[PDB]
Amino acid sequence: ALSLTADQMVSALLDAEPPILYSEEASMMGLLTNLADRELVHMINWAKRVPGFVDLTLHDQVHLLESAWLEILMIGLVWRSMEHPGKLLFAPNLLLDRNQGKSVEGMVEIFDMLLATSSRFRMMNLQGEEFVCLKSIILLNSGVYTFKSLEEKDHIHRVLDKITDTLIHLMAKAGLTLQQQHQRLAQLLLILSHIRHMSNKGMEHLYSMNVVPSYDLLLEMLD
Amino acid sequence: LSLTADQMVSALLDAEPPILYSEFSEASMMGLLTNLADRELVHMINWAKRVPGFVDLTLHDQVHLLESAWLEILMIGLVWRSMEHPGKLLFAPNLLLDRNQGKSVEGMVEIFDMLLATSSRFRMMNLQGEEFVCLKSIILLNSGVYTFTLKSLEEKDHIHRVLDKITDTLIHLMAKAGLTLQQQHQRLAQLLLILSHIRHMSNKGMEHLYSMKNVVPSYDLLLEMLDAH
Ligand SMILES: CCN1CC(Oc2ccc([C@@H]3c4ccc(O)cc4CC4(CC4)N3C(=O)c3ccccc3)cc2)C1
Ligand SMILES: CCN1CC(Oc2ccc([C@@H]3c4ccc(O)cc4CC4(CC4)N3C(=O)c3ccccc3)cc2)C1
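Taken in order, these protein sequences are the chains called B and A. According to the entry's author numbering, the residues represented by the first sequence are 307 to 330, 339 to 461, 467 to 528, 532 to 545, in order. According to the entry's author numbering, the residues represented by the second sequence are 308 to 330, 337 to 461, 465 to 529, 532 to 547, in order.
It is worth saying that the hints were derived from the structure and are not from the lab. All C-beta atoms, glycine included, are put in the ideal place defined by N, C-alpha and C. It cannot be assumed that every hint is accurate.
To be verified - Some, not all, of what chain B presents toward chain A, calculated at C-beta under 10 Å:
1. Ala-430
2. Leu-479
3. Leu-511
4. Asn-532
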């Protein structure tokens, strides 16, 4: 895992991308819940293809997915919605705007944060290569502060360090100056703080109404 | 936005608020911590108004940024004060608590466990003071910028330019310390990913404060201290 080149890390992450799933006012939360449940399975198979992930124990793989899964669903939604300003593309047959999110209490606040994240992506001209790097960072970093355990944390940080090398490489070969490379790297990672914030408020909203996937479910999906 | 990296560091170190003291029983613990945080918030306002570029914003946006960031800023200051005291949080020099004293309140030890892990991460990275004040200023400018008109557009462009000047400042600090370009990028990323956990901590932290209940500084109170005459 730690021997891959920057170009090979990108190629591995791109090839590992999950498919875009389809949907099957009151029934809206039923559709969105069922869509997320089916996405999670493909998320598990994506995670196993993130270089270095399967080197961790099963127990540590599950905990990483427990802490990261909602963030990953969200950043994928934000990416899907990037070229659809003012709307969220949950699925190709489920394109919702801000108005349809007002039906549920506490819903449009998260809707607006997702819309603003997608606009932020738009005006940074986020590239697919960068997006898959960002998604893998969320997987490895979201649970690292909440765990042999020293070796696992060291391994996680080594892989996080190579993704950083990979993001700098993509920026460098795009023509960015060294100053622009540091600045863009920081800009992308500060967005990860807003995604974590979005995921926290999203979880609170979910709990205000089977909220999280169980440890046994995640473990079984890992196979 | 005209400062050099050294002038940025120098200004941020000069803006650093003082370390305050608590004014022992677990029953009075929340009263002491609440009073301490309330007094820290006054000095936080003064500190924020000295962070370069912050006063260029409208008072309205200044209030909004502090509304979104004040808990994060209190928490990172706590973690910084606790860095050299493993397994303990130094709320004040006369108020140093361990994990067993955080068990008295439901849901306290979980957030407490999170703060201890961040303190240990600061130790593991040998976080420097110059890096710490840069992180704190990034928290101020970044946490509320994604949740704000033409004025609003000009504000976010200015905030991102100041955030860019701080990123340059972090890199210059590591470059002066002999780290390679690779090590500079990697440490930059490691420091900024901690901000995700600090936002996470402040989020459960806000949940725990509402679970107890004057939970948050009000908009009018923040505006009053910011809007000086
Ligand atoms: C055991 C796990 N199951 C229990 C289920 O929890 C769910 C239930 C529903 C969602 C959807 C969903 C679906 C697919 C997607 O790609 C993304 C999302 C995004 C989002 C934010 C989270 N969501 C919403 O409706 C929403 C709410 C308020 C404001 C805006 C959007 C995700 C997870 C999953
Ligand atoms: C109106 C504004 N008021 C101020 C608000 O109330 C309070 C009351 C108390 C705290 C302390 C406090 C004080 C000083 C510090 O530097 C840091 C902190 C940190 C922390 C997490 C936040 N806190 C706790 O006790 C705690 C809780 C659960 C787990 C661990 C620690 C902050 C704010 C309401």
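Those earlier numbered hints the structure runs against, lowest number first: Structure breaks hint 4 only.
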